[PDB]
Amino acid sequence: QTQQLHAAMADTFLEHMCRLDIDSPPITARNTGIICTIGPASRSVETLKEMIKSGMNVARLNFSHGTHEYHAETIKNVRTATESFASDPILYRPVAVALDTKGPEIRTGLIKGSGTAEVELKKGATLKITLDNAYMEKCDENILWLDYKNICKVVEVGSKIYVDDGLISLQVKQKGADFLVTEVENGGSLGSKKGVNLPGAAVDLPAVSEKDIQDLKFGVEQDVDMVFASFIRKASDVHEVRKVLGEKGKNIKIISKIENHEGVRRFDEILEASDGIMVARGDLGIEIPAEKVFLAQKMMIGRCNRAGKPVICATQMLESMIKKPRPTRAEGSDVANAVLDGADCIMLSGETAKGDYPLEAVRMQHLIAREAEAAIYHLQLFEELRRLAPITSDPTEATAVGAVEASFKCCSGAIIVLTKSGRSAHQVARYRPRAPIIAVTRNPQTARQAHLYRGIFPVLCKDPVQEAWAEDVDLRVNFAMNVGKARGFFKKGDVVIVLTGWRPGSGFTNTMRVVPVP
Amino acid sequence: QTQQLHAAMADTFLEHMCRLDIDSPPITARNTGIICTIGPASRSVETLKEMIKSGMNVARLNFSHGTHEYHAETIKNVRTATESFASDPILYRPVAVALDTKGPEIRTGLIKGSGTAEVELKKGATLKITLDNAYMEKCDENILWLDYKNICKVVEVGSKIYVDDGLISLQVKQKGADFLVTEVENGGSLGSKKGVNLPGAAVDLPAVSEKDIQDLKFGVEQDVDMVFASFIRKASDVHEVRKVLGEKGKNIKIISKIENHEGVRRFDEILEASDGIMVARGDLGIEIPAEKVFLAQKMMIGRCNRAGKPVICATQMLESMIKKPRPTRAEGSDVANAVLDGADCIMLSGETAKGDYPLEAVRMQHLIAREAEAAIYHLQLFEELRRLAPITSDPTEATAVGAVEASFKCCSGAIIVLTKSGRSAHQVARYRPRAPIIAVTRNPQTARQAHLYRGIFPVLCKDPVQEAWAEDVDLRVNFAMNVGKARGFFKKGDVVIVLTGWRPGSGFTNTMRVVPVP
Amino acid sequence: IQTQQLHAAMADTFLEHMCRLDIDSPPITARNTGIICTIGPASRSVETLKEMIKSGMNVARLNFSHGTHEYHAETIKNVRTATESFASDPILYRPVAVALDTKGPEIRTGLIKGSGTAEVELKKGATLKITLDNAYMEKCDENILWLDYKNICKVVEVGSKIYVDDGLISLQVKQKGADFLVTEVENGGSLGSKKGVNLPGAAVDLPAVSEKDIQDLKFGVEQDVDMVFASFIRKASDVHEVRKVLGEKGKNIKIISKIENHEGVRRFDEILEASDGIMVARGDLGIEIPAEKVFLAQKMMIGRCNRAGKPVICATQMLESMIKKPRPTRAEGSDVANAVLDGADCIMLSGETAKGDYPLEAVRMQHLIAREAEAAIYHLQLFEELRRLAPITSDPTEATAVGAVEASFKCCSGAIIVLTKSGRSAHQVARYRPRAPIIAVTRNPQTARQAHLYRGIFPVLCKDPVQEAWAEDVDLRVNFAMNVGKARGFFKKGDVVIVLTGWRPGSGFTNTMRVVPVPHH
Ligand SMILES: O=P(O)(O)OC[C@H]1O[C@](O)(COP(=O)(O)O)[C@@H](O)[C@@H]1O
Ligand SMILES: O=P(O)(O)OC[C@H]1O[C@](O)(COP(=O)(O)O)[C@@H](O)[C@@H]1O
Ligand SMILES: O=P(O)(O)OC[C@H]1O[C@](O)(COP(=O)(O)O)[C@@H](O)[C@@H]1O
Ligand SMILES: [Mg+2]
Ligand SMILES: [Mg+2]
Ligand SMILES: [Mg+2]
Ligand SMILES: [Mg+2]
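In order, the protein sequences belong to chains D, B and A. All residue numbers for the first sequence refer to the entry's author numbering, where the first residue is 14 and numbers rise by one. All residue numbers for the second sequence refer to the entry's author numbering, where the first residue is 14 and numbers rise by one. All residue numbers for the third sequence refer to the entry's author numbering, where the first residue is 13 and numbers rise by one.
If you are wondering where the hints come from, they were derived from the structure by calculation, not from laboratory data. One or more of the hints may lead you astray.
To be verified - Covered by chain B, according to a simulated footprint, are these stretches of chain A (three or more residues, beta-carbon under 8 Å):
id, region
1, 295–308
2, 337–351
3, 381–387
4, 397–406
Here a beta-carbon is modelled for each residue, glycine too, at the ideal position from N, C-alpha and C.
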């Protein structure tokens with residue numbers, strides 16, 4: 014038996030688990046998109062071809078560091094690598110580009126002289142915090158400076174303050190107008206220009222930094238497909254970013270990054286305003302107890318699945334592959350679970366940008382995602398989504414459910430959807446069929462953006478439009494049939510689902526057909 | 014709110030019940046077919062028009078009694094009444110004809126002298142059963158004769174014996190090779206040529222009687238649409254009936270009537286060989302304890318639903334309306350529960366054939382079935398059917414499920430299916446949508462036979478094919494659109510599901526579209 | 013080859029459950045659904061009542077529609093005589109309860125011109141004037157019809173239907189004065205005298221209890237009935253009225269509200285809350301609302317009663333044909349099964365036992381079907397569903413009951429034995445609907461009788477004096493139930509059973525569940 018089918022039949026979740034089989038090989042398609050952060054270790058065209066081949070679907074650009082000219086080159090290279098395969102449209106896999114903003118931060122000043130010197134903080138000692146600028150350059154173990162002018166307004170006696178990536182931990186014992194008197198809870202080495210998190214606080218830093226405003230305008234100019242907006246806390250934040258990309262970039266998918274408590278508390282309003290979500294586990298698990306992170310991940314992927322909006326699963330998934338060519342069992346497990354949890358993307362940071370093994374990381378993510386995709390309990394997952402599906406008399410939605418049910422009934426090798434905007438394909442994906450969704454689009458941006466949705470395989474028709482709209486439709490169907498055939502998703506005989514519309518232009522998708530592969 | 018929708022939403026069966034609402038009116042469509050036995054009280058053309066109008070869909074002819082000339086006239090009249098409405102194909106309802114065989118029997122002899130005289134059986138008296146032929150003509154209250162040579166082999170001391178349609182009740186007190194000595198439990202008037210059931214005993218009479226052979230040949234000649242084959246006990250039996258209708262009548266649906274223990278015990282093999290099933294509660298509740306009947310009914314409707322084959326629910330459903338113009342609460346309840354149980358047909362016997370109130374019986378069945386159809390727990394019913402659906406790579410099946418899912422998603426006003434053989438419509442019905450299935454067919458037999466399946470509204474296109482196959486398809490779709498409109502199943506604006514094929518001829522139905530009503 | 017429909021109880025889907033019901037899977041010997049028989053001409057004799065009890069009667073209904081105090085007093089005397097005839101052996105003694113069903117408020121017409129036996133003929137489409145003016149009481153023709161409901165005008169609009177003689181005749185109001193109505197005949201028929209009137213869809217403002225009712229109820233107090241079926245309950249204030257009337261001296265009598273019209277259904281919630289139980293009065297009900305809609309109301313009501321853990325009764329015409337015939341119609345058989353499957357506590361017999369030719373055959377038939385249907389329930393889901401809709405509470409008694417019921421499912425327990433003073437503990441077990449019979453052991457006779465009102469409680473009345481050590485007194489009552497169960501054939505030595513006790517004497521301390529093998533005692 015194959016593709017974990019015996020397990021997909023089980024009546025109980027428990028029997029489902031009990032029946033997972035290591036000798037049941039997956040289908041060839043892989044549904045979870047893979048996002049790789051590009052950096053020193055992966056910027057070369059020659060390398061990027063190898064990434065795409067290994068399964069990269071999105072390129073992340075981390076505006077934490079690096080200048081415009083530097084990033085512009087990364088993008089130019091990603092593009093070069095991608096179009097290298099454009100010469101055969103059957104096999105060409107689009108690659109999307111993503112601009113991840115630095116976001117607002119709270120940084121400390123320099124330690125006494127050189128930014129290279131450190132001071133030693135003792136569990137229990139007093140540590141005064143000034144905002145007075147005199148102290149910017151000379152930070153010792155008695156006085157520490159911040160660039161968050163308004164820290165006093167947003168903290169109470171008793172609040173924790175986390176310094177250098179939540180290594181050092183302070184607690185506020187007294188609050189003036191200008192200063193704070195803290196006690197060290199967690200000792201350690203204090204350095205220069207280190208980053209500060211205010212756990213629990215409603216931090217009032219603007220939605221976008223001045224750097225961000227400019228970094229974003231650049232992304233518009235460079236024509237990125239999506240932005241990962243950092244440190245989204247409230248929906249007004251998302252609205253800021255939207256305003257900033259403004260008209261010229263009104264089609265760029267804004268993906269809100271949930272990095273602290275306020276973000277979690279206000280996730281609902283946020284999700285509403287966002288195109289998607291990234292569960293930013295790194296920053297998040299500095300702001301909230303680490304043991305609580307899986308809760309937040311599961312809550313978020315859950316609600317994103319309910320709302321049919323893309324969710325990303327980020328940070329440290331294959332961390333050890335920065336140094337080693339194979340991952341830890343926990344890393345293997347982390348990735349499987351994100352997939353089973355029902356995440357759209359999975360992401361690689363260090364592992365691809367700086368690590369010794371970028372390719373090994375991508376292939377590993379590819380391998381696990383496939384195995385985990387077969388291991389889903391679609392029986393229940395489908396039943397559940399269907400039961401929570403709002404009543405709508407929108408034909409597109411009705412067609413999608415019909416299609417997805419049909420695909421379950423006939424172990425369909427794929428659901429083929431003609432889509433101009435991607436909307437139709439999204440509607441199919443939101444129901445999470447086991448079968449890959451081949452989305453056939455003439456719109457390249459649609460092709461790239463589609464990766465953000467579990468199971469959509471974007472496929473870009475480069476032919477001119479044919480005279481009769483009928484034959485043009487048939488042509489695009491036939492294209493997908495060829496793509497599917499060639500990529501080994503199905504052979505002559507197998508059955509497939511095809512979704513078409515009744516008239517040209519967007520949102521007329523309403524025709525579902527069950528077709529045997531020619 | 015309408016159509017018991019608030020109740021259809023409930024997460025539990027219990028909440029579902031708790032939420033059934035007497036102020037939530039049904040839609041106008043009624044899905045459960047209604048089978049009326051035609052007889053003295055209903056044979057007139059003038060009456061039959063009124064039956065059709067009231068909701069009769071099949072005419073049952075009981076070959077228990079009546080000659081060929083008699084039945085031939087019933088059929089002539091049914092036909093006359095039906096075609097009376099043929100002048101407007103939008104409103105014309107097809108009517109099927111069904112031949113219900115007499116089947117093998119065990120009969121008694123004549124009472125002392127004229128077969129017009131009777132005897133009295135006294136609770137507690139002795140009643141000898143002979144097979145000795147001396148007694149054939151002279152049966153008194155001391156000695157009773159049977160024509161079933163093999164009774165003694167198949168009955169033990171303690172067995173019950175039912176005489177005259179389980180009116181009189183005997184228990185065997187001593188058993189020889191040649192005779193039985195019984196005690197009367199239920200007193201009553203013993204007549205001539207009265208029928209006998211040996212409850213629990215496995216009666217070995219041949220599958221088809223001599224009369225049956227001939228009655229069946231007649232049904233072939235008369236062009237009936239289905240046969241209700243009596244006293245089906247094993248699959249061999251069904252095979253006999255099929256052989257007898259043979260080639261000339263290979264298209265007539267055989268519906269096996271389960272009338273005794275062996276029939277229930279062997280239901281599986283039977284169902285497999287049959288086109289459908291009738292739960293013959295009268296006979297059945299003479300052969301098995303009456304308190305056990307609802308078990309058998311529920312088991313059989315259940316397994317017929319599982320197999321997607323039509324089940325009928327017969328006998329005494331509105332019994333009191335033989336004498337009275339309104340039914341008892343228990344009768345009302347019986348009918349609702351048949352529908353809730355998931356029966357295709359419901360049936361009337363006495364109530365339409367002999368009763369004082371044939372029309373009131375039909376209208377009553379119509380009224381209840383509608384209310385009960387809304388009261389079904391489709392959420393679970395659908396979930397269950399889907400989970401127990403074989404995985405199949407037949408396109409038609411995949412299209413049907415998709416169509417039914419779609420219809421649930423959009424509160425579809427109807428699922429419109431173009432079908433030549435009826436197969437496609439059956440496949441949609443087997444999934445039990447809330448929405449009516451309008452089947453559009455040019456084949457009149459298909460039209461009539463369709464009534465045997467929950468929710469199919471057969472609609473007969475009498476026009477020739479013209480011009481392009483496409484526009485012929487559109488034409489038939491449009492016909493159904495008009496039928497639906499006129500019968501008040503939906504208005505302009507409402508959304509409907511339409512099933513077509515990709516090519517002419519049977520099979521190939523594989524196109525589902527979600528269309529707003531013009 | 014299996015028993016008690018076990019293979020079917022295992023099924024993962026409702027559909028598979030149905031598909032697996034088996035006519036060769038015989039039930040256990042216990043029967044859980046209580047059976048209520050109306051006593052009348054055909055069943056009032058002591059000699060007959062012994063045979064009824066034997067056959068499975070658990071409650072005796074008295075219909076105050078008809079019959080005088082002296083008459084009913086005698087029926088009760090006899091029921092009691094028949095019952096205590098078996099009191100000589102407490103192991104085999106079955107308690108029988110007594111129930112007073114009130115006549116309730118009515119709307120009656122006057123006498124047809126001259127003899128109260130003579131009739132008029134009403135033609136579809138004719139005009140029919142309705143007066144309340146008393147001049148017309150004695151002389152009712154086909155043009156003018158009198159009612160005794162002085163307030164009809166206030167409670168009906170132009171367009172309202174009026175149903176005369178048990179919804180045989182049907183009028184629609186065309187004009188409404190201060191004093192009169194002008195109606196049109198929709199349903200023709202023969203109009204008689206003193207015939208009953210229903211106002212479908214009206215909020216009928218007749219008092220909750222009639223003057224007759226007040227008195228009939230006071231009688232029930234005096235006669236020491238266990239429950240009252242209050243007729244024509246419409247709003248909760250109605251139930252409060254009945255309670256007020258039974259008042260203090262009768263504060264322990266269970267009031268069971270009878271739902272017989274629209275307002276009753278519309279307001280069922282408030283009503284159920286104020287009632288001890290409910291009767292689905294299908295006859296009257298299906299005159300007030302379209303008959304085709306009644307199964308909706310029945311199913312809604314039994315449903316919500318199950319949710320609330322309050323007793324529900326299913327009434328009227330369940331085995332109607334057995335007034336004249338010794339066996340029922342397939343639809344009657346089916347009706348009874350479905351009431352049980354629907355999850356009704358009691359089933360009822362009216363005509364069938366009171367006036368019919370075959371009272372005993374009706375009782376035995378109800379007994380037979382209920383047993384079969386009880387095995388046919390889908391306990392898996394029924395239990396899952398009740399548990400999921402159970403509020404979280406910190407009440408030990410509830411925790412013990414669920415535990416008990418789950419344990420009984422686990423071990424195919426032959427019975428759940430509960431020592432109960434008020435019945436409350438047994439009710440709490442029953443509200444979860446175990447397959448196993450609940451033997452409730454009580455020294456309180458009223459508790460014994462009232463217990464019948466709940467699916468699956470088998471009341472068993474300990475007549476012994478209290479034993480010195482409270483422990484051994486507890487053991488004694490457990491042992492009693494063990495003996496009863498043995499003798500009634502509910503289990504044998506070896507079988508396993510669940511026993512519920514408390515930690516201290518007096519009510520509401522039940523918190524001990526044990527799993528005990530049946531002894532060689
Ligand atoms: O994916 P979207 O934006 O909903 O648009 C889907 C549209 O694509 C089609 O299937 C074909 O696209 P064209 O308009 O480019 O012919 C339409 O028939 C349909 O309405
Ligand atoms: O040959 P026709 O009458 O045009 O048939 C066309 C339609 O009938 C179908 O054959 C229906 O299938 P069935 O007859 O098997 O039910 C389809 O291929 C198509 O939708
Ligand atoms: O010895 P007693 O007072 O009869 O009570 C025996 C046990 O049954 C209970 O009375 C339960 O009775 P209730 O159902 O009336 O609460 C316990 O509280 C007690 O332990
Ligand atoms: Mg960050
Ligand atoms: Mg027969
Ligand atoms: Mg199963
Ligand atoms: Mg009444």
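Structure-based check of all given hints:
1. 295–308: This one holds; 10 residues, not fewer than the three required, reach chain B with a Cβ under 8 Å.
2. 337–351: Holds: 14 residues of the region 337–351 of chain A have a Cβ under 8 Å from chain B.
3. 381–387: With 4 residues close enough to chain B, the hint holds.
4. 397–406: holds (count 4)
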